[PDB]
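Given the coordinates of chain A, work out where chains B, C, D, E and F should sit on it, guided by the hints.
Each chain, letter by letter, is given below.
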Amino acid sequence: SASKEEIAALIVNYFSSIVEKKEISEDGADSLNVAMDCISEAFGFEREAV
Amino acid sequence: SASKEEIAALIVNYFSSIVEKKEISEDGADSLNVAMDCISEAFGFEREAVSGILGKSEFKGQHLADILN
Amino acid sequence: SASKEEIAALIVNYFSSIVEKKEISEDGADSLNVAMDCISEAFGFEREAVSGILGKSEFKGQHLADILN
Amino acid sequence: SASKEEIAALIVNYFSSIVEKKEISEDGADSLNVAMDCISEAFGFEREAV
Amino acid sequence: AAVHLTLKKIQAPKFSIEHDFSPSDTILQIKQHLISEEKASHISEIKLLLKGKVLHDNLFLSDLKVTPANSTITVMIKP
Amino acid sequence: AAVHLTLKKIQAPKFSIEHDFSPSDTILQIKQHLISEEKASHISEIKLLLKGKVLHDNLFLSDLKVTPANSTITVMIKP
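Going down the list, the protein sequences come from chains A, B, C, D, E and F.
Per UniProt numbering, numbering through the first sequence is continuous, rising by one, with the last residue being 51.
Per UniProt numbering, numbering through the second sequence is continuous, rising by one, with the last residue being 70.
Per UniProt numbering, numbering through the third sequence is continuous, rising by one, with the last residue being 70.
Per UniProt numbering, numbering through the fourth sequence is continuous, rising by one, with the last residue being 51.
Per UniProt numbering, numbering through the fifth sequence is continuous, rising by one, with the last residue being 150.
Per UniProt numbering, numbering through the sixth sequence is continuous, rising by one, with the last residue being 150.
A few of these clues could be false.
Covered stretches of chain B, as calculated for chain C (at least 3 residues, CB under 8 Å) [unchecked claim]:
#1 6-12
#2 15-27
#3 56-62
What the hints contain is simulated information worked out from the structure, not anything from laboratory work.
From the three backbone atoms N, C-alpha and C, an ideal C-beta is built for every residue, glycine too.
Looking at chain A on its own, in the form it has when it is part of the complex:
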């Protein structure tokens, strides 16, 4: 059973792969980078840590 931090880290990992493969626009990537920081904050870990 996945902890809330583990779920948040998988989500951050999924978005990182979308950005890294350029599957959405650069503006989209900008927005997802902000999302990832807000998700890390909401669930109480650092994004680097994922």
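Using the frame of chain A, we list chains B, C, D, E and F on its own:
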């Protein structure tokens, strides 16, 4: 079989469950609200469109077929 | 990671989408209504409990983790 | 891209395995057998065909 | 005190019929009624359900706790 | 005609401040305001968003089509 748009909508739907049910501090709900807007913007749907997207019989049926293999 | 109860609830949810949206003849909706009651009975939940079951943050999050692997 | 009949047949197959492995009671199995016939009818095929 | 039941068959060709039974009647009697109405030839051909529960022959109608006049028994018939 | 903007930072330690800008000001000017308010040391440290859109420095405030007094810009600061 989920598209990246469908996956993004599932992620928005999950965070929305947490915020709506108040399962997080108010500051954390503020963070997820920014995150939900960013995801919606990134994937090209309106945040309010998510329920409709996940609510289609077609999506439910295909996702069920994925699960049942 | 879905339990057979969760899977049954997804199946009931799918048929409910079809019936609610009138995506089937009236006689076919009657057949799915019987089918939904039988599934609910078999798996031990009330048909009206399905939305709540699938609506938990916990279920949404675990299912999302399954999808994201 | 699964047709409605294909989805219905996968559902029938899933229930058949639950019954066959006795994962719910005999009364539960009775109910699932009726379900499977109603599902087959709703989606316009015969249960044997599944 | 009589129970006015509706007996509804959804499998094509559908029917919907009504009959008064006693609370002390059994499920077997309802199947016997269906045969009296020429909906089937043997009780083994008939399944009855209340909502999603398949009803066994030995059950008493009072065990179902149906309403006096608003309840429907689902009928499945396999010749 | 002035735009009364709210600038809200949600990253702990949060803040929420207000300032009137011109529709002909750019996004760069709002970041420059944040530095004037000692919320950051260089414009490169600041991201601004309207709802989920990250705002580029060259954009004009009138391009955002915000309300005259009810809109909020989200502020992200990475020192």
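Q. Okay, the segment 6-12 of chain B and chain C, do three or more residues pass the C-beta test at under 8 Å?
A. Held - the segment 6-12 of chain B has 3 residues with a Cβ nearer than 8 Å to chain C, which meets the minimum of three.
Q: With a C-beta cutoff of 8 Å, work out whether three or more residues of the segment 56-62 of chain B approach chain C closely enough for the coverage to hold.
A: Held - the segment 56-62 of chain B has 5 residues with a Cβ nearer than 8 Å to chain C, which meets the minimum of three.
(Q) Three residues or more, CB to CB closer than 8 Å: is that satisfied between the segment 15-27 of chain B and chain C? (A) n = 5 at 8 Å, threshold three: holds.
Going down the numbered hints, you'll see the structure goes against none, and every one checks out.
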